[PDB]
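Take the sequences, apply the hints, and build the full model.
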Amino acid sequence: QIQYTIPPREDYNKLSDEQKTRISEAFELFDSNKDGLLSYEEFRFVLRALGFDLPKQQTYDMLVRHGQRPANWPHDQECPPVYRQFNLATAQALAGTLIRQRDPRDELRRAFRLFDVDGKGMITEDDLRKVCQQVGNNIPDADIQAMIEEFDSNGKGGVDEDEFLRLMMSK
Amino acid sequence: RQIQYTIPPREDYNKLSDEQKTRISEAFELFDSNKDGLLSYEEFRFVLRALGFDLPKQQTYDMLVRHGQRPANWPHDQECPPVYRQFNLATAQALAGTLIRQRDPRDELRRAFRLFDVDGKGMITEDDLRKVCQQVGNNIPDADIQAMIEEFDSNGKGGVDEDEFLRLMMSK
Amino acid sequence: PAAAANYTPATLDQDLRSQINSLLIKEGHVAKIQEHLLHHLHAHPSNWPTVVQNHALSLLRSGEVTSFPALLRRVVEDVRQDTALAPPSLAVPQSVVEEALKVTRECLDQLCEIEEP
Amino acid sequence: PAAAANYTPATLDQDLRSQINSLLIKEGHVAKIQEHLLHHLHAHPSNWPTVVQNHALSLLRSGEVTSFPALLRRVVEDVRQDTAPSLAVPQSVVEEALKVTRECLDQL
Amino acid sequence: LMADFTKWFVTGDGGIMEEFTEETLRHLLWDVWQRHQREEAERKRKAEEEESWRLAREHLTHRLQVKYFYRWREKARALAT
Amino acid sequence: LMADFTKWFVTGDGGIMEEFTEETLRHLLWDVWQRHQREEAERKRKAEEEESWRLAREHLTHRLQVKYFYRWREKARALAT
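Residue numbers (our numbering), protein chains in the order written: chain A, 1 to 171; chain B, 172 to 343; chain C, 344 to 460; chain D, 461 to 568; chain E, 569 to 649; chain F, 650 to 730.
Hints were generated in silico from the structure; no laboratory data involved. Just so you know, even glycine gets a beta-carbon here, dropped at the ideal spot from N, CA and C. What you were told as hints is all true, and nothing was included just to trick you.
Quick look at which bits of chain E chain C covers, simulated, 3 or more residues with Cβ under 8 Å: (1) 570-579; (2) 588-600.
In silico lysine-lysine, DSSO-like type, Cα no more than 27 Å apart, as pairs: (3) B:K192 / A:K34; (4) F:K695 / A:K34; (5) C:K369 / C:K445; (6) A:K20 / B:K206; (7) A:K156 / A:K120; (8) B:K192 / B:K206; (9) B:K292 / E:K635.
Set out below in structure tokens:
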């Protein structure tokens, strides 16, 4: 297999400024060494910060394909995949591809799990109130009551995952 | 009488680095929870405190009256009080820029010194450096941190005081 | 008692010696305190102090004023102008003024007499 | 009840008729299990399993292999390189195999 | 009539009504001033503890510690030669 | 000689040594495999306790909650007429 190759940037360019800023943000966060380089696990975390929990296999493939050796490594010797690092370009490109390849439903399911922390299977007014307390802004109970009641099709007293996704993807 | 609603200059915002501009935009976007691209008075105050500025109310009020814009929902035929005015991204950028460029380099260092020495002992010891190491996540050999203390400890007191911290952190 | 000087009637009149003299005589064997009491007692019922406090509060909350002396000067000017315009307003109600007239009148009646030319 | 018939000497000799015959007869009054037992019990003393485990661990730690069958194939492939810390099974247990198998193969 | 003189005295410049209003304003305003200070202490306290600011603060702390710690350690290793 | 025959028989291709080593490797590797799994569980758990990660996580959580809450409330407000 071809190896050490830089990843394509086409899938990174079509992003918006916010996203790119978030990628650079995550990178800069987990770039404690400040060398503009990340270890393997740091990169895994950087992806986990963007909300990607990929399996070791996929990140390892990324590692062998697009991993660069560290400077301290003597070029006369072979370098193992694990000891390789990631420059900003690789992280950006890879994260970009991952994002554009991402299914739009995932973030919403994740969010649904964030709103419904008790795992009841649905989001109730109380949950929305807790989230409101988390956001900091105070919303009248009529609004949140309307946020639940308008989308509750069972009269169960909350919104399940399906309804959440459907309402959140609806135009 | 006082001029009012005027837009602030970007001259002090332009010479900034990408890091600074990005950090400002980050702070703004963070405290811009309503996502309307506008901040309230207190939201802006927090945005300034996010940059590490603990300005007095007087100064932020001056900023508010001078560069505060009326909100859209407000009827244009009547006067709106200063407190009800808001800040777009541009104003926050300009003001933050001026604040950053006018700020003396010692402030952030004194703050940092208080961050390293949280117990208020008056000096930073090896233990503190170890705790900070634990906070950052990276593990550094004790020889280095021991050298971080010993190399700059001129009293043999077992730590580095504020003066020494600034002197060393400002050293060329 | 004290022989007066034909009272210099118009409210905005200039003579200050008679005023400070009267004040001097009045403070001794103090009567001023009665005025203070009657006024406070009659000032609180119209609900003026709460308005004043609320205004001062708004001024402090906005951050427009950041020192007590500035707050004092500001509020004093504000009541000065509201009182000017009156003839929620911070102007002192006319009731307590009338009260001032009455109580001050009785005190002055006891204290002094006004000669006739 | 078994004739060697010049025994197909070369270690690389590819004979399955004799092998399946002998193995089949040997399976009755099974000896495979005795060899296996004696061998493990004699395999652990040489300290080989730790070498193998550490290698397999490294393979799993790197993330190169992410499934047990792949780990098995990878490691069996690796140990196979006897000819090349070596994962080769010590010669001791081989000699033991020779002895016990000879003994149990002598009876037939 | 005395009443006219009293009127001048009370509603005049430097009158009792003026000094009175000034004093009562002094005391009342001082009270509400201290009141406001305490209220600001508590309101600021409650405003500080909550999430958004806490995120900004934690971020700030981390960034600063990283920056100046590694900068410091660089100075140290440099001096160790 | 029987010794030669057993030699061929044991260390030959498809020999007893091969079947044996294969089998023992199978079971041994399964053991160490499970061991690695447990170790990974613990390593991930401890790795999660890192502060940088907690920050990334909290920031993400907050951001998501904000985004989708306000979006949701917007939809609600729209339908409420």
